[PDB]
Amino acid sequence: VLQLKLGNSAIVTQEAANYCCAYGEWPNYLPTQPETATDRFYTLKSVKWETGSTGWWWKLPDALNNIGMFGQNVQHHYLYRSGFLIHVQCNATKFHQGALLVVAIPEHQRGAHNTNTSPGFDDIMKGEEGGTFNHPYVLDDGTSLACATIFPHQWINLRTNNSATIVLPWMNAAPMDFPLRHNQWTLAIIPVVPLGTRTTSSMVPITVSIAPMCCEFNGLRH
Amino acid sequence: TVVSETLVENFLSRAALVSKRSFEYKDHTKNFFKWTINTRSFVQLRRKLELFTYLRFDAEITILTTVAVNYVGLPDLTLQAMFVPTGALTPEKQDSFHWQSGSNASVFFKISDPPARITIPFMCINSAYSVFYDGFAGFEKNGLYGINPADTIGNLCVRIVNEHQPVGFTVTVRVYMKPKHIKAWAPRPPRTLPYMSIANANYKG
Amino acid sequence: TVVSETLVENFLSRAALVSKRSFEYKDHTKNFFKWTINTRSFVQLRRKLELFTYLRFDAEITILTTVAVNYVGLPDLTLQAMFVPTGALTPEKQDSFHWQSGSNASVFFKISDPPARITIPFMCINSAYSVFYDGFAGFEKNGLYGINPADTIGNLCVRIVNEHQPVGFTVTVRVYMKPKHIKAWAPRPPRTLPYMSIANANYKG
Amino acid sequence: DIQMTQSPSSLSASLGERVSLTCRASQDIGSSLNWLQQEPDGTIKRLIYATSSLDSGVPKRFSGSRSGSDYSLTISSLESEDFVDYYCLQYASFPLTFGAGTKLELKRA
Amino acid sequence: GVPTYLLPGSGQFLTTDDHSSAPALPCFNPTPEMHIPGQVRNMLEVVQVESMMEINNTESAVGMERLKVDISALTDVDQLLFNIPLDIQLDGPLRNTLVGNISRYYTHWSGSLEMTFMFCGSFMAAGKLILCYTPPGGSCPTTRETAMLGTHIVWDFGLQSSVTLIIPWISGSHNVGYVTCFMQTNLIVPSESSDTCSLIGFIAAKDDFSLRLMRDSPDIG
Amino acid sequence: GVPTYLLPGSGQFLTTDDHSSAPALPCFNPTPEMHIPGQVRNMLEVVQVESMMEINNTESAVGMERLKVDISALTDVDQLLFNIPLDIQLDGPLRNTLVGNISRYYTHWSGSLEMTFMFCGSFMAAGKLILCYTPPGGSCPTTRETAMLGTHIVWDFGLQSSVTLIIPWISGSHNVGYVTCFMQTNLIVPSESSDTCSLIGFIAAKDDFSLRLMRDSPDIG
Amino acid sequence: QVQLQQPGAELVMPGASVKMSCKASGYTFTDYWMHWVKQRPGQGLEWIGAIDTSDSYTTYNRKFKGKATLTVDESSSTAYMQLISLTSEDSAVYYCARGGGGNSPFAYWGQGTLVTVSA
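Protein chains in written order, with the numbering used here: chain A, 1188 to 1409; chain B, 38 to 242; chain C, 38 to 242; chain D, 254 to 362; chain E, -7 to 213; chain F, -7 to 213; chain G, 1408 to 1526.
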């Protein structure tokens, strides 16, 4: 019901209160800023979520490499430090059952199954298209999903709340980082409980929004 | 049946053997070893440090030297343990000067004595080490995945000071590393699946 | 990617090997070495000190002794390291008294022990050492160019205290010098061209 | 893609005269490398994998060593059927790439 | 100078000792410390975070469905859903958790635990359940009333969507506890909704959970 | 007396250690310290002094003309004069300088640099130039306008005889930066003056230039 | 006991592209990777891509991206290769390898196919 207006656009959302701050902090400024230029929520392509859907992952800023106004400043400047506000809203009726785990994995090293070969460039950075979990039970990094709750996360249940809002500050060892090289965070939606319905197969869309709030840029060129 | 020790400082800090090597020495008529002193080799310390993302600590290196027998008796050798920091190129023309350059820190110790103990400070460009690095090495655009050029401590180089000694004894060197002043950030899930390779996170299952 | 250590005191002060010599000892039926302990021999410390004109420092000498094998076992020799200051004439009648004169400072150390470490004070007529001396030696009018008689520290003389020991082992002596209390004046340009001779500044190119 | 430089591209040798082929990589692939034998009939067969390790059933004349900046394939004794196209491959990371190759020739008049 | 004598055990190398040693590279200033979110100064903060219990462990159970327990509309009244052993060293639902994986580095563990259950089924699902705990040596319940003699609560699908359960201070070191869950009534779902629903269990640690006596992790991989 | 025990690593010889040792010649008073002009207590003061860049490095370039770049009156409009790499370890114009030779004793170097250009030609030489800098990974300019997208200044021969350029805090350790210079207009010189003029580049270090991690100089000679 | 079979030639004109069959025997097909290697008559070895048997996860080269399509079948324990819009330029001998947990090696190879296209 409550609309969240940031910049020149906005998206109808559920009431936003007591939103999750990752590790109990918010993306403050480093002790020009894009509160206008690149501000508004960038809505990615809605993924079709079915009963046999393993999951999806979008690294930050992998899905944002070229998006709208933000796609220009990626290759334009030398360094940046940016926070992220991620709002994942999944619309469904009261007759659908299931659960979706939206968790942000800082510093996610992916992996492969039953081989020692390291993934290539196209396998790691997929751009806006995003990837699909090969084995979501092991998270693809070799760890376990049961203890994966240690990260910041929110629960989307078709009973209680159909949306989630996660705020990610700047997490890095360096004050700034390289746009096309290192991925600080990772956005993952994990369907712990699959879909179920009266019909054999249904389709539940998922909307994902990411706002690069309170960031900076240096090294002007081009 | 029926918080002091639970602290992270006491949890991550323990004495473990990160390098085990013994070079065969009988008759040469060379002898040395160098290694990157990384925590991904020893399996118990790896998973011990896979729990956390970024780590800040000062490595404390202790070299223990034992001499075996392949009654003569054990002579006392003089050994030199030199630490080579990252950025020093190694064009090895052995028998001549690189080891003895005054830039690199070296230490001399005998066989019978308290074990040589040195404390390596924190050397990094960034604020802390990166155990999990999502990205590629440098900017090669296809550069190596999973290895961050920003964090490399260096190579630990150890050789015997004395010349060839006519014995058939094998020298065994043990290097223990106990970190101190440990600061932790971003705890992660443990990895139950075995380690296929130390170069990346691939799992078998 | 992305002033404490930059100080001159930390920059010029490092442990380097300025003398390397091993005398052959098998059967004599003599053994000693002396050298002027100058910084123009070791190539990395020379150019290190060619950056500055005048220097004031206290030389810290440390003698490291290692015995090689040409199983018997290594006996423990007693060595004597004597420093001969400038102005002491050396009419060597060895086997008799000059070494043991109480004027020169001597130190005794065994083979297995902490390395003998002595600190030589600042001995000069003028205020500081002269690395670059434009002029001639003394007043001979044609006297030697490039060598200042005003600055000479002395000779480092080391011999074995014990008499001839019936072994075929070769004694290797290493002398390290780390300067302290370093004061710098008049920095100069680095010398890129190689060193043809240590006696003067001639270049090849 | 990380390129594997294999040199020399050709050589001429007789029976015997052990000769090693050296490959160089712009990045560090670790201990993971493979060697492949290519027969003129179109059938490829593995020879050397993971440096010192060798295939079961292949004679011991094939060997390898590493100076740490390079990868070498050493053959102790050559033969008349030993003329093939050798290639060095990096399976450590995707994508997998192939080397330049060397065509062994026999000295004649 | 000052006369001194060597004490017994001087010069030995101890693994657990803490002492200052000479630095390797003097006159070197490490990089200053930037503020990094999520500073963890204690291992108990990681344990207090909730984790997923796997209740579906059975024969031929692999993958994502090990986290959920299927409940259909064809089940009868008073049927045992599952039992959760509290043994950390042995393999229960607690084998891999946030509290379990950290406790395997230790031996003695004492503290109060907590369990949270969430119903992932549809909105119109009716019926009630029963949630009971078994004291140590507590005569594991045959059907129902034996579980009622202890601490229990009646949980409804429609009213509460979550479960808060405080377990009183278990203990173990190197058959005690259990969790019993049954069917109070039948599962009532409409015609359009699916017949099969599921649940997800959670476990965390309270503020009194303590640890000590560091050891090596039994699991090599 | 006082019982003591030997710590692990006692008696070893460390290269970087700092401790007091017994003096060799006691009761000896060194010569007092006279005041000597130019006391240098820090290596950064030597680096902050301007030095000559060699821009003329090419094939068959040896000797005095490596310091200057010849500019004649027959050149056309918009021709690339040169490019200066900022890599210290590799060989650019910066290979041998005051900032370069001192930085080769270290590894990590961070700070802001400065470049000064001086025109040594005659007094009546007219025309204008362009002075541009390339950000790291900055799409090195093909002709002109690509260099204009960054920080640039138009410099005239007649008005200003010197150049002040502040470069914002490069970084490197063990293709990033560049300097692009082109011909804005033709070189106008009278009949009596020579057709060929030259320039001399300079570089220094600001107050924020920092160094650390001493090592050995790569150049033996 | 264990071998690989990819017989045939199958020359074809442009407008459609033939799809490879790679069949394996002697080992469990579900537990091992499947690779592909392209031998060009110009002595090119250029690698195509790898496919997992369990999942549909694939990896493609930059120059070969959008062209090659990999699919496998665990029922028949075979492997398929699907191209699109082959022209007179592409001709080569196709190979399919296995790999595994360790070394992901090339040890087993097929006989090879002769692909010759013409306008």
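In case anyone wonders, no lab produced these hints; they're calculated from the structure. It is possible that part of the hints are untrue.
[Said to hold, decoys possible] SDA-like, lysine to any residue: derived pairs with alpha carbons at most 20 Å apart:
| # | chain 1 | residue 1 | chain 2 | residue 2 |
| --- | --- | --- | --- | --- |
| 1 | D | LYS356 | G | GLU1453 |
| 2 | A | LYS1281 | E | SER12 |
| 3 | C | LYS220 | C | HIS65 |
| 4 | A | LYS1281 | E | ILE180 |
| 5 | B | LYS220 | E | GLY213 |
| 6 | B | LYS241 | E | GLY213 |
| 7 | B | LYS147 | B | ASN75 |
| 8 | C | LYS220 | F | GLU37 |
| 9 | F | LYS198 | F | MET140 |
| 10 | B | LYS220 | E | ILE180 |
| 11 | B | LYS57 | B | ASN75 |
| 12 | B | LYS147 | C | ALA105 |
| 13 | B | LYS67 | D | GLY321 |
| 14 | B | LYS178 | A | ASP1310 |
| 15 | B | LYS147 | C | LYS220 |
| 16 | A | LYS1313 | G | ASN1468 |
| 17 | B | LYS147 | C | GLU87 |
| 18 | D | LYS298 | G | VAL1409 |
| 19 | G | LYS1470 | G | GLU1481 |
| 20 | G | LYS1472 | D | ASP254 |
| 21 | B | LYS85 | C | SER149 |
| 22 | B | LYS130 | D | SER320 |
| 23 | C | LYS147 | B | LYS57 |
[Stated by the list, open to error] Examples of chain A residues lying across from chain B (beta carbon under 7 Å, computed):
| # | residue |
| --- | --- |
| 24 | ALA1299 |
| 25 | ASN1303 |
| 26 | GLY1314 |
| 27 | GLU1315 |
| 28 | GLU1316 |
| 29 | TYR1324 |
| 30 | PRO1366 |
| 31 | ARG1368 |
| 32 | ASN1370 |
[What the hints assert, rightly or not] Calculated Cβ distances over 10 Å to all of chain A for the following chain B residues:
| # | residue |
| --- | --- |
| 33 | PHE48 |
| 34 | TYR62 |
| 35 | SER149 |
| 36 | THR189 |
| 37 | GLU200 |
| 38 | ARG228 |
| 39 | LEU230 |
For every residue, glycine included, the Cβ atom is placed at its ideal position computed from N, Cα and C.
Going down the list of hints, with the structure as the test:
1. D:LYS356 with G:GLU1453: It holds: about 18 Å lies between the C-alpha atoms, which stays within 20 Å.
2. A:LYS1281 with E:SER12: violated, 65 Å
3. C:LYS220 with C:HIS65: Violated, at roughly 47 Å.
4. A:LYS1281 with E:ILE180: Answer holds: A:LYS1281 to E:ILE180 is near 15 Å, not above 20 Å.
5. B:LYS220 with E:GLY213: Violated, at roughly 26 Å.
6. B:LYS241 with E:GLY213: holds, 11 Å
7. B:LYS147 with B:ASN75: Judged against 20 Å, a Cα distance of about 26 Å means the pair is violated.
8. C:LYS220 with F:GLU37: Within the cut-off at roughly 14 Å; holds.
9. F:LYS198 with F:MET140: Violated, at about 25 Å.
10. B:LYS220 with E:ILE180: Violated, at about 53 Å.
11. B:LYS57 with B:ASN75: At roughly 13 Å apart (the allowed maximum being 20 Å), B:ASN75 and B:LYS57 satisfy the hint.
12. B:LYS147 with C:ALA105: holds, 14 Å
13. B:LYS67 with D:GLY321: Holds - the C-alpha atoms of D:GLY321 and B:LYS67 are around 15 Å apart, at most 20 Å.
14. B:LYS178 with A:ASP1310: Holds, because 13 Å separates the two Cα atoms, which is no more than 20 Å.
15. B:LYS147 with C:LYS220: Answer violated: B:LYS147 to C:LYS220 is near 35 Å, above 20 Å.
16. A:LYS1313 with G:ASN1468: With a Cα-Cα distance of about 14 Å, the restraint between A:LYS1313 and G:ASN1468 holds, given a limit of 20 Å.
17. B:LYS147 with C:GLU87: violated, 36 Å
18. D:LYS298 with G:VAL1409: holds, 14 Å
19. G:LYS1470 with G:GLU1481: Not satisfied, since the Cα-Cα distance of roughly 29 Å exceeds 20 Å.
20. G:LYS1472 with D:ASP254: Since the Cα atoms of G:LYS1472 and D:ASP254 sit roughly 13 Å apart, the hinted pair holds (cutoff 20 Å).
21. B:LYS85 with C:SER149: Answer violated: B:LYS85 to C:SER149 is near 40 Å, above 20 Å.
22. B:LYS130 with D:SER320: holds, 14 Å
23. C:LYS147 with B:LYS57: violated, 32 Å
24. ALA1299: holds, 5 Å
25. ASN1303: holds, 4 Å
26. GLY1314: violated, 15 Å
27. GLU1315: violated, 17 Å
28. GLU1316: Because about 18 Å separates A:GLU1316 from the closest Cβ in chain B, which is outside the 7 Å limit, the hint is violated.
29. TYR1324: Status violated, d = 9 Å.
30. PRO1366: Interface hint status for A:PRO1366: violated (11 Å vs cutoff 7 Å).
31. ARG1368: Status holds, d = 5 Å.
32. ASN1370: holds, 4 Å
33. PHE48: holds, 15 Å
34. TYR62: holds, 34 Å
35. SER149: holds, 43 Å
36. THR189: holds, 14 Å
37. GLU200: Consistent with the label, B:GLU200 stays out of reach of chain A, its closest Cβ about 42 Å off (over 10 Å).
38. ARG228: violated, 4 Å
39. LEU230: The assertion about B:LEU230 is violated, with a minimum of 5 Å to chain A.
The structure shown violates the earlier hints numbered 2, 3, 5, 7, 9, 10, 15, 17, 19, 21, 23, 26, 27, 28, 29, 30, 38, 39.
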